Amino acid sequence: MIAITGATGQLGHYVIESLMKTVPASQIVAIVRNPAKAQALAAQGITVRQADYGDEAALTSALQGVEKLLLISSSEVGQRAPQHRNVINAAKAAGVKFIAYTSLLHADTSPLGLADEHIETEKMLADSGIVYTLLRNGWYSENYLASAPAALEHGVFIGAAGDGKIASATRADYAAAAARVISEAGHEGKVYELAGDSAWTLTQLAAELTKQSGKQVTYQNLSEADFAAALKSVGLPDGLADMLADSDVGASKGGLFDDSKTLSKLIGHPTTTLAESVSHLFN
């Protein structure tokens, strides 16, 4: 029996659809905090167990019978470690035999500040005494593409990534990889550096963006301080602008680049290209 946290999130939703191609709904257990948002999962045969992430006891009850657990990291970036602390201890007590975790590409060496909470979580895993696998996801192409409209309307794309190379991949790609790891054998104890088969600069993004839209789009490389202040300028939560600007700087440092091709070789086919993703904007 396999269990999965964050099943109601964008990545998890895909993990589940992916898993359901080869796994009977019943053999899947979605540990969610709010079953109200688990409408779809219920309408598929998937088991849903409620568990407050800040509640180890509830997490332990929720992990009963679970042989393999996918810990889709928490989106509550800021108090994530304590949450994953609870989850890992619940698993130990419940007797989970295998845990796969979504971390960050090259976590231990990444220049991005987002690596922090993941590193703490990777340590706890090392400490758990439970066999585990690190699914170090690189950047979701859908992140930058979230600013596709703003760049199309206002004419240009901005950031602080310089010439850094982002080997992005879709959420569906990473979810498939997570799906294989938790369902198929031969993927325990591994440290997978998952990323796109290709990489691209923010400028290649603008050029690709103008090539398909027709309208012009230039890339304006700003400094970190600039970029940050730039987001809040159009009214953006400080935390966000900060993290966002830090990540771009982490990318300018090559922290989002990897060319191991672990992702495609793992999902058994080529990862989704930026060209195809960009295409969706005009689906």
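Positions refer to the first chain, counted from 1. Shifts are known only where both forms have a C-alpha. Take the two forms, find the largest set of C-alpha atoms that superpose within 1.5 Å, and that set is the rigid core. First, how it differs from the form deposited in another entry.
Just one residue from the list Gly45, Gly65, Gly239, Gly54 crosses the 2 Å line for C-alpha shift between the two forms on a rigid core fit, and it is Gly45. After superposition on the rigid core, a single segment of 3 or more consecutive residues displaced by 2 Å or more at every C-alpha between the two forms is found, at 36-45.
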The other form holds:
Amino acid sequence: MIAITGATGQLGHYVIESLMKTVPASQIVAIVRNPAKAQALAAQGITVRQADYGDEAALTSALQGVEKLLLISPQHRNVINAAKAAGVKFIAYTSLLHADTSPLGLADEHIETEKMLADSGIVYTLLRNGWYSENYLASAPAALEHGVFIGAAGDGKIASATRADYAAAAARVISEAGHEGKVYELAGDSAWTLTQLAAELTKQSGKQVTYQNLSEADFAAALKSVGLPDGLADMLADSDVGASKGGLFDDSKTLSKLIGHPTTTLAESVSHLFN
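Output block for the form deposited in another entry, input the form deposited in one PDB entry:
Shown next is a single chain and nothing more.
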């Protein structure tokens, strides 16, 4: 039996779809706060167990009979303690690429969870996921509308991959043997700068798009005047700065080796913008 916490997101959806290619639906259990609002998961035919993530006891019950748990990102403290109480034997966690040394502020919370796992006594594997190509492409439309893509990543190299790629990796780790106790640094086979992104954008769109590098404050002070919340804006700005320092770069090709095929290139992802 495989359980998935935090499976109501886009990544979780993909992981479940991937798993279903080799694991019977009933052997997959999605733990959610409200099975009613989780119509998607239920639609997949998987086992759904309700549990409030602020309720360790509820989580423990929801994890009964679970041998392997995929924890998709405190809340994690309750989940890990519950997994310990229920007898979970293996936990795979979606962390952040090179979390212990990462310049990105997003690493903080992940490190806290990685520490919890290390102290849990439960065998675990860290799926240290790099950036989603979708993270930057979410801003491609605006960049195309104004002919400029803004950021604060400088010449930092972003070894992005798709949620689908990361999801396949998670599914592989939680379902097949030989992936326990590992620390996998997962990223795209190739890497690109925001300058190259703009160029790829211009190439396939026919429209001119230039990258404009801003400073963290200006970039953030640019997102806080378009709608996006302050916290969200601050993170995005912090991330680009982390990227400018190589925080989103990795060339181990661990991801492609793990999934058995090349990671999805930026070019392919960009193509989806003009389908």
